[PDB]
Amino acid sequence: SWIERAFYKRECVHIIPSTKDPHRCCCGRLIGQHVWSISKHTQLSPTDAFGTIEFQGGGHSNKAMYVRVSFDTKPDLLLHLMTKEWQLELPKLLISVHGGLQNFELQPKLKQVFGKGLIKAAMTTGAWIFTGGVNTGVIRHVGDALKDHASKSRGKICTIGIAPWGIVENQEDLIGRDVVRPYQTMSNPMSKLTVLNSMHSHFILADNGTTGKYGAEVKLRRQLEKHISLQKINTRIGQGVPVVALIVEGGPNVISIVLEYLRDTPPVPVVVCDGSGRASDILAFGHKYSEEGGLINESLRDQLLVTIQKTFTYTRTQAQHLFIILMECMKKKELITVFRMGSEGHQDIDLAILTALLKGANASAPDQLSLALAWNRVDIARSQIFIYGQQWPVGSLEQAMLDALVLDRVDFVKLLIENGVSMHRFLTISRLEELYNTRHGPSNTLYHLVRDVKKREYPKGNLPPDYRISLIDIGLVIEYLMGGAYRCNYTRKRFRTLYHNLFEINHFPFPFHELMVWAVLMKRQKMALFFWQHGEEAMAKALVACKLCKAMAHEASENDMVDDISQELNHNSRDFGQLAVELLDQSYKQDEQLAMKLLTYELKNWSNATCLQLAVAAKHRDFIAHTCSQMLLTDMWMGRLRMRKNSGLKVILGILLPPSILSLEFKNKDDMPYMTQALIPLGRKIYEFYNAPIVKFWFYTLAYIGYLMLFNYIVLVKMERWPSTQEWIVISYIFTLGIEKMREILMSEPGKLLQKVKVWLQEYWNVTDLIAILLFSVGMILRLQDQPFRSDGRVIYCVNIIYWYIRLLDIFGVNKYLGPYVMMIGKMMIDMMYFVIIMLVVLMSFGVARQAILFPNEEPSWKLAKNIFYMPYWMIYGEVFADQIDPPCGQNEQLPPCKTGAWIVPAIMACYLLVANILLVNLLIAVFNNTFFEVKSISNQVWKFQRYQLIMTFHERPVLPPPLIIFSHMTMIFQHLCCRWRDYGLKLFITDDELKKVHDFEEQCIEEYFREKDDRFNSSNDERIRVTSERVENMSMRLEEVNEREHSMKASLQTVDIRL
Amino acid sequence: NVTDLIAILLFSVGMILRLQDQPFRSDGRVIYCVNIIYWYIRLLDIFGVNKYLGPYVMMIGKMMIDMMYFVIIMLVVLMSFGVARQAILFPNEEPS
Amino acid sequence: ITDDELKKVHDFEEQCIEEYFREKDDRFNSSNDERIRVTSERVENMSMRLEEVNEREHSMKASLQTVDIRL
Ligand SMILES: CC(C)CCC[C@@H](C)[C@H]1CC[C@H]2[C@@H]3CC=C4C[C@@H](OC(=O)CCC(=O)O)CC[C@]4(C)[C@H]3CC[C@]12C
Ligand SMILES: CC(C)CCC[C@@H](C)[C@H]1CC[C@H]2[C@@H]3CC=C4C[C@@H](OC(=O)CCC(=O)O)CC[C@]4(C)[C@H]3CC[C@]12C
Ligand SMILES: CC(C)CCC[C@@H](C)[C@H]1CC[C@H]2[C@@H]3CC=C4C[C@@H](OC(=O)CCC(=O)O)CC[C@]4(C)[C@H]3CC[C@]12C
Ligand SMILES: CC(C)CCC[C@@H](C)[C@H]1CC[C@H]2[C@@H]3CC=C4C[C@@H](OC(=O)CCC(=O)O)CC[C@]4(C)[C@H]3CC[C@]12C
Ligand SMILES: CC(C)CCC[C@@H](C)[C@H]1CC[C@H]2[C@@H]3CC=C4C[C@@H](OC(=O)CCC(=O)O)CC[C@]4(C)[C@H]3CC[C@]12C
Ligand SMILES: CC(C)CCC[C@@H](C)[C@H]1CC[C@H]2[C@@H]3CC=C4C[C@@H](OC(=O)CCC(=O)O)CC[C@]4(C)[C@H]3CC[C@]12C
Ligand SMILES: CC(C)CCC[C@@H](C)[C@H]1CC[C@H]2[C@@H]3CC=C4C[C@@H](OC(=O)CCC(=O)O)CC[C@]4(C)[C@H]3CC[C@]12C
Ligand SMILES: CC(C)CCC[C@@H](C)[C@H]1CC[C@H]2[C@@H]3CC=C4C[C@@H](OC(=O)CCC(=O)O)CC[C@]4(C)[C@H]3CC[C@]12C
Ligand SMILES: CC(C)CCC[C@@H](C)[C@H]1CC[C@H]2[C@@H]3CC=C4C[C@@H](OC(=O)CCC(=O)O)CC[C@]4(C)[C@H]3CC[C@]12C
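Residue numbers (our numbering), protein chains in the order written: chain A, 1 to 1060; chain B, 10001 to 10096; chain C, 20001 to 20071.
Read the hints as simulated data drawn from the structure, not as lab findings. Idealized CB from N, CA, C, for every residue including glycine. It is possible that part of the hints are untrue.
Claimed, not checked - To list a few chain B residues with every Cβ distance to chain A over 10 Å, as calculated:
hint	residue
1	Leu10010
2	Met10079
3	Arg10085
Unchecked claim - What the simulated footprint calls covered on chain B by chain A, stretch by stretch (three residues with Cβ under 8 Å from a Cβ of chain A suffice, anywhere in the stretch; the number is not a length):
hint	region
4	10019-10028
5	10036-10049
6	10065-10072
Please construct the entire structure, taking both the sequences and the accompanying hints into account.
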C-alpha cells in the first residue's frame, strides 16, 4: 500500500492533436483510447501497475518485481523502495550498460566473452546492472548472458532494467496492485512495441504519459545513478560506490552519454567493447589513433569524418558536429578503457572493468584496497594494488588488516601478511576487543555464552544492546567452555591489572593464539584453519579448538538453538581433532622422543596443562589410541624403571622379595622426568621402585586377591559369636577401602560437595562400590548381634562375595586382551537384555498355560507365580523334566484321573522348546556374531583411551595397599595439619632451550604435513585429470585462434606473392 | 486382525462352555489357557513400537521360514529314528 | 496453509528443484569418465586440425620459398 501512496503516475488527458495520423495523438495512442503538461496536459494520480511479473514461456521461469513511476520522481524515494520494499542491499558496484536501441548481432566469441565477463563481474562484486529494460539489442545480449548464467550457476544477479512504460507490449497485462501478473515472452513482429526482457530481476518502468516513444527514462536513470553514487559504501573510509559505464555498439546518442559521464563531478569511467560496430568502433578507432588526446592530425580526422558519414549515414555538418563531440570526449582520454578482442586487451572484460574502476577512482592505495576488500577480489588486489613500487601510507596497512579481519576475508589476510604486515606489531588489546565486538561477517553464538557467564557470575540477566564485551568476559567464556580446572590467561591477576591500568606491554607475545581463540569463538572456520598453520604450539591450539568446538556445540544444543549450528560446530571439532591426529602422526614419523616431549611438556599459555591432558579432556579417542601416546603411556606406567622385558614377574618378585628390588635396571635421573609439581642409592632405588604405578598396581592386585581369599575362608567356614582374625582383616579392608573412596570423593575437581558427589557417582564402578560397602556394613552390624540376625549377616556376606568376584574384572581390565573382552561383554549385554525380554514373553506364556492346565483347583498363593517360572526356565538348559512331560494317569499300573486337556501340555511344550532353544538362542548367536567386529574395534579403541585414566588413578593412589592404607592416610592427615598450621597431571618442565628445539620441531612437522598434503593433492588422479582437461580447453581455443591467424597470414602471403 | 478375530471367537466359545456346568467348565478353562498363550504372544504388538524391539520382532518373523525348512528336515530324520526304534523294541503290538 | 504460505512453499520447491538438477549437472560434468571422454574428443579434433595446420604450413613455406626465389 506504501507503493501507491508514495509513487505517482501520469495519464494522457490532452486536446488530441492529430499531427500526421488522425488516430495518433501527441502521445501516440488511439484517439478513443484516452482514459509533461506541454501539449499533453497530463494529470497526476496514484499508480495502478506494480507488483510481480511471472514470465510465462521463454524457457526458465523467473519472477521480476516491477513498479510504474513518474519520470519526475525524486531518486531518494526510489532508492528507499529498492532498499526496503524489494529487500535489496546497497551494491558494492553500479554498472550502467548503454547501447543501440536497434537489434544487432555481434561475433560469437565476442558475445561469449562479453557475456561471461558481465556475469562474472556482477557475481563476484554483487553489482547492480542497469539496462534499457526492453528486449532490444544490447539488453537482448545481456538477457542472453543472464540466460547462460541461469543455465550454469548459483548466482542471482541483480539486473534492474529501466524502460519507458509506454513502449512495453501488453500494458494492460501488467495492471495490478501487489498482484502477480503473468506475462507473455512472445513478441509480435508487426507491432512496433517491444516486450520486456525475460531474464531481468526488477523494473523501474517510467511513464512520462506518452506511449510508443523513448526519452521517458534517460533523465530518471541518470539522477538515480548519481543519487546511488552519492551514497557512501560500507567501508566508511570516505568514498561512495563506484560507477562504471559499459558501452556496446551504440548510436549517435551514446557519444553524448559518454560526454555526460566524463564531464561530471565525480567522473565516471567508461569501458567500451570492440567488434560490435557503429559508435563503439569509431570510439576505438579514435582511441588507438589519438596521440596526445585531443591532438589529432588532419588525415585521421578526415578518416573519422568519412567513417562517421558512412556508418551513421550522416551529412557533412552532422559528421563534423559528431567529430566535435568526439574530440570533447577525447579531451578526457584517460578515463576510457577500450577492450579489444584477442590481442593484449586484458583478454577479459572484467580485468578491464575493474582496473577502469581503480584508475577512475584515482585515489590513494588504501581506498583501492578497501574497494577490493568490499568486492572480495584478492586477485585484482594482488595484480594491481600490490605491484612493485607502490607507495603505502604509514598505518594504513594495519587499518586494512583490521578491515579484512572483521569482514572474514581469509585470502586478504594471506596477501596482507605476505606483503609484510606482522601480527606481533599489529595485534593490541584494543584491536582484539574491537575484533570481539564486531558485527560484520557471519553469525555467531558468542553473545549467548557471554550472557550465560554474566548471569552465572552475577545472578542483570540479559545484557544491554550497547554492551562492550571485555576481554575478561571472553576469559570467563574460555573458563566455562573448557571446564575442569582450566584458568584462561585473561582471568589472571596480571592481565586484569593491565586492563585496569590501560582501560610493547599491550602487545601479545603469541598473537596467533589469540587470533585462533577469536576465530573459533566467533565461528569463522577458514580463519581458524589459517591461523592454525601460523605460529607455534600447533597441537595445543588444535586440541583447545577441538574442545572449544565440542563444548560450544553441546551448549548450542542445550539452549535449543538452531541444530545446523550444532552440527557445524561438531564438524569443526572433528576437523580440529583430525588435524591434531595428523600432526601427531607426522611428529611420530620424524622423531619419537621429540614427539613424546611435544606431547608431555607444560603449556604455560594454556593454563599450565599438557597436550595429553587436553586430548583426554576433549575425549579425543583417536589421539590417545595413536601409537606414540600409547608408548608414552607405557613409559608413564613403568615409572622410573627400564625393565621392558617379561613384565609382571619381575615386579611381583620385587614386591614379595625386597632384596630383589636392587637387582633391577633403573632409569636415569633425567631420562624422562614426569612430575606433578616441580646407602642413599639403595634408598633412592627403593623409593623409585615403590612409587612406580605398575608396582602400586601389582601391590593393589595382590592385596585384593589376598582379601578375596580371606573372604572366601570366612564365608565357607562357620563363624562363632565373635569374628575370627580373618574376618577382622576382611572388615578392616572394607573400612579402609571405604575411607579411601571417601578421600577420592573429597580430593576431586569441583568445590561444592554435591558436584563432587555427582562427578564421583558418574562412574558405575564407584556407585557399585558404595552400595557394596553399605551392604557390608549392614551385614556386619546384623552379624555382630545374636540369632537370627547372624544368619542374615552371613547371607549378606555371600551376596557381597558375589560382587567382589565380579569386581575382579577391574583388575582384569589392565591386560591388553582381557580388558577389551570385558567391555565387549558389556556391549553384548544389551542384545542379551532384548533376548531376555522375548524369552520372558514366551516363557511366561508356556508357564501360565502349563500351570493353569495341570492344576485346576488352586487357592490364591504365591507358589503359582513360582511354578510359572520354575520348570520352563530350566527347560532352556537341557533339563526337560522327562518324568513330568506326560505321566501315565487314568489307569491302573490306581493312578489319579486324567486332567482335562492334559495332552495339550506336551504339545505346547514341544512348541515352546522349539521356539526358545532353536529360534531365539540361534538368533542371539546371529546378533552376537554380526555385531562383533564393530563392537570389538570400539572396545579396543575405548580401552586404549582408558589406559590414561587407569595410569593417572594408580599414580595418584597411595603407595600402600588398602589393608595397610590407614598408615598412609594418617601420614596425609598429619601432613595436611602441618601445612595448615604453617595440578593433577604428569608434565615434564623443560628448560628454555629445550622449549626452543621443541617449537622448531613442531614448525618442521607443520610444514612437512602441509605441503606434503599439497603434494598428495597435486599428484592425485582427479586433480591431474581436471588440470589436463582445463589446459586442453585453453589449448583448443588458442589453436582455433592460431588457425584463424594462419589463414589470414596465408591470404596475406598469397596477396604479396601476387603483387610481386 | 484375523488372529484377533479367531481369539475373540475362541474366547466366546470358551466363555459359553464355562457358563454351563461340568464337564464343560473345564473345557472352557482349557480354552482360556490357549487364549492366554495368544495374548502373551500379542504383547509383541506393543513391543513393535520400540526402535529396537520392533525390528527384532519382524526379524524373528523373517527367520521363521528357515526354521520351517529345518523343521521339515528334522521331521524326516526324527520319524525315521522313531519308527525304527518303536518297531524294533516292540514287535508284538496291536493297532493303537 | 494459507495462500502466502503456499507461495513460499512453492518457491522453496522450485529452488530445491533447480538445486538438485544443476547440481546433478555439476556432478556429471566433474566426474572422471565424462572429463576423460571430453578430453579424448577434443584431442581428436585438435589432432585433425593440427594435421591441417601442418599441411597449410607446408604450403605457406613453399610459397615463401618461391617468393624469396622470385625476389
Ligand atoms: C598375595 C596373594 C597372591 C596371596 C595372599 C593370601 C594368602 C597368603 C592367605 C589368604 C587365605 C589364607 C588362609 C586363610 C585361613 C587359614 C586358616 C588358619 O587356621 C585357623 O584359623 C585355625 C587354626 C589356627 O588358629 O591356626 C591358618 C592360616 C590359613 C590357612 C590362611 C593361610 C594364608 C592364606 C592362604
Ligand atoms: C593383607 C591381607 C589382605 C592379605 C595378607 C596375607 C597375610 C598377611 C595373612 C592372611 C591370612 C593370615 C593368617 C590367618 C589366620 C591366622 C591364625 C591366627 O591364629 C590365632 O590367632 C590363634 C590364637 C587366637 O585364637 O588368638 C594367627 C595368625 C594367622 C596365621 C594369620 C597370619 C597373617 C595371614 C597369613
Ligand atoms: C553368581 C551369579 C549371580 C552370577 C553373576 C551374574 C552377573 C551379576 C554378572 C556376570 C557377568 C557380569 C558382567 C561382565 C562384564 C561387564 C562389563 C563391565 O563394564 C565395563 O567395563 C563398562 C564398559 C561397558 O559397559 O562396555 C562391568 C559390567 C558387566 C556388564 C558385568 C555386569 C554384571 C554381570 C552381568
Ligand atoms: C526369561 C529369563 C531370562 C528370566 C526369567 C526367569 C527368572 C525370573 C525365574 C526363574 C527361576 C525363578 C526362581 C525359582 C525359585 C525361587 C524360590 C522361591 O523361594 C521359595 O519358594 C521359598 C523356599 C521354598 O519354599 O522352597 C523364590 C522365588 C525364586 C527365587 C524364583 C525367582 C524367579 C526366577 C529366578
Ligand atoms: C507357549 C508355546 C506354545 C509357545 C508359543 C510359540 C508360538 C505360538 C509363537 C512363539 C514366537 C512367535 C513368533 C514371534 C514373532 C513373530 C513376528 C510377528 O510378525 C510380524 O511382525 C509380521 C512381519 C514378519 O512376519 O516379518 C508375529 C508372528 C511371529 C512369527 C510369531 C508367531 C507365533 C510364534 C511362533
Ligand atoms: C504381562 C505379564 C508381565 C503379566 C504377569 C501377571 C502375573 C505374573 C501376576 C499378575 C497378577 C498376579 C496375582 C495377583 C494376586 C495374587 C493373590 C496372592 O494371594 C495371596 O498373597 C494370599 C492372600 C492372603 O492370604 O493374604 C497370591 C499371588 C497372586 C495369585 C498373583 C500371582 C501372579 C500374578 C497372576
Ligand atoms: C524384565 C526382565 C529383564 C527381568 C525379569 C524380572 C521378573 C521376570 C522377575 C523379577 C522379580 C521376580 C519375582 C520375585 C519374587 C517372587 C516371589 C515368589 O514367591 C514364592 O516363590 C513364594 C514361595 C512359595 O510358595 O513357593 C514367586 C515368584 C516372584 C513373584 C518372582 C517372579 C518373577 C519376577 C517378577
Ligand atoms: C520335527 C519337530 C520340529 C516337530 C515334531 C514333534 C511333534 C510333532 C511331537 C513331539 C511331541 C509330541 C506330543 C507328545 C505327547 C502327546 C500326548 C498325547 O496325549 C496322550 O497321550 C493322552 C494322555 C495320556 O495318555 O497320557 C497326544 C499327542 C501329544 C500331544 C504329541 C503330539 C505330537 C508332538 C508335539
Ligand atoms: C511320510 C510320513 C509322513 C508317513 C507317516 C506315516 C505314519 C505316521 C502313519 C500312517 C498310517 C498310520 C496308521 C494308520 C492306521 C492305524 C490304525 C489305528 O487303529 C485304531 O485306531 C484302532 C481301531 C479301532 O479299534 O477302532 C491306530 C493308528 C494306526 C496304527 C496309524 C499309526 C500312524 C501311521 C503308521
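For which of the previously enumerated hints does the structure constitute a violation, in increasing order of number? Failing hints: none at all.
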